[PDB]
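Here is what each chain is made of, one letter per residue.
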Amino acid sequence: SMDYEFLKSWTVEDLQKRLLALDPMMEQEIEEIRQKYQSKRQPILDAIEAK
Amino acid sequence: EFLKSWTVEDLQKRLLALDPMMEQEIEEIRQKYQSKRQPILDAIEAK
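Residue numbers (the deposited numbering), protein chains in the order written: chain A, -1 to 0, 432 to 480; chain B, 434 to 480.
Relax, there's no trap hidden among the hints.
List of simulated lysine to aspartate or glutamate pairs, DMTMM-like, C-alpha gap at most 25 Å: (1) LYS446(A) <-> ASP475(B); (2) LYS469(B) <-> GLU458(A); (3) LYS469(B) <-> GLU460(A); (4) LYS446(B) <-> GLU461(A); (5) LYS469(A) <-> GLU460(B); (6) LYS437(A) <-> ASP475(B); (7) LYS446(B) <-> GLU460(B); (8) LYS480(A) <-> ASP443(B); (9) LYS480(B) <-> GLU442(A); (10) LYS465(B) <-> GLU434(A); (11) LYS465(B) <-> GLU458(A); (12) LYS465(A) <-> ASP475(A); (13) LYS480(B) <-> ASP432(A); (14) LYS446(A) <-> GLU478(B); (15) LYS469(A) <-> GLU456(B); (16) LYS465(A) <-> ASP452(B); (17) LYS465(A) <-> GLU458(B); (18) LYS437(A) <-> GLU478(B); (19) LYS437(B) <-> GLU478(A); (20) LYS446(B) <-> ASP475(A); (21) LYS480(A) <-> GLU434(B); (22) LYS446(A) <-> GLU460(B); (23) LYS480(B) <-> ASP452(A); (24) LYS480(A) <-> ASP452(B); (25) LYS465(A) <-> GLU461(B); (26) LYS469(B) <-> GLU461(A); (27) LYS465(B) <-> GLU478(B); (28) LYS446(A) <-> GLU461(A); (29) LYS469(A) <-> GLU461(B); (30) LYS465(A) <-> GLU442(B); (31) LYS446(B) <-> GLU456(B); (32) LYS469(B) <-> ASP443(A); (33) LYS480(A) <-> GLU442(B); (34) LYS465(B) <-> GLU461(A); (35) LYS469(A) <-> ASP452(B); (36) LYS465(B) <-> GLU460(A); (37) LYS469(A) <-> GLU434(B).
In case anyone wonders, no lab produced these hints; they're calculated from the structure.
Extracted from the complex, chain A is given alone in its bound form:
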């Protein structure tokens, strides 16, 4: 995380903008985790299917 002592001199508009930029970044990471687990499930589901 960034230094509060630096951030404290920014405008509210600029601070908000940084917060808003973090939202799609966090969502993207969560979506990638969902895709990672979809790949992990696949060989297990294939093994189940094969009976």
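Use these hints to put chain B onto chain A, whose structure you have.
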């Protein structure tokens, strides 16, 4: 470590074991971003 010889019960159990693992990773991402946000919120609040 091939799976085709496992019982359905054991295969389902392995699928289920993935659920808390994924949740844990998602939670680690939420915590990372909570830490990032905090000084920015504090700076907004201190104006």
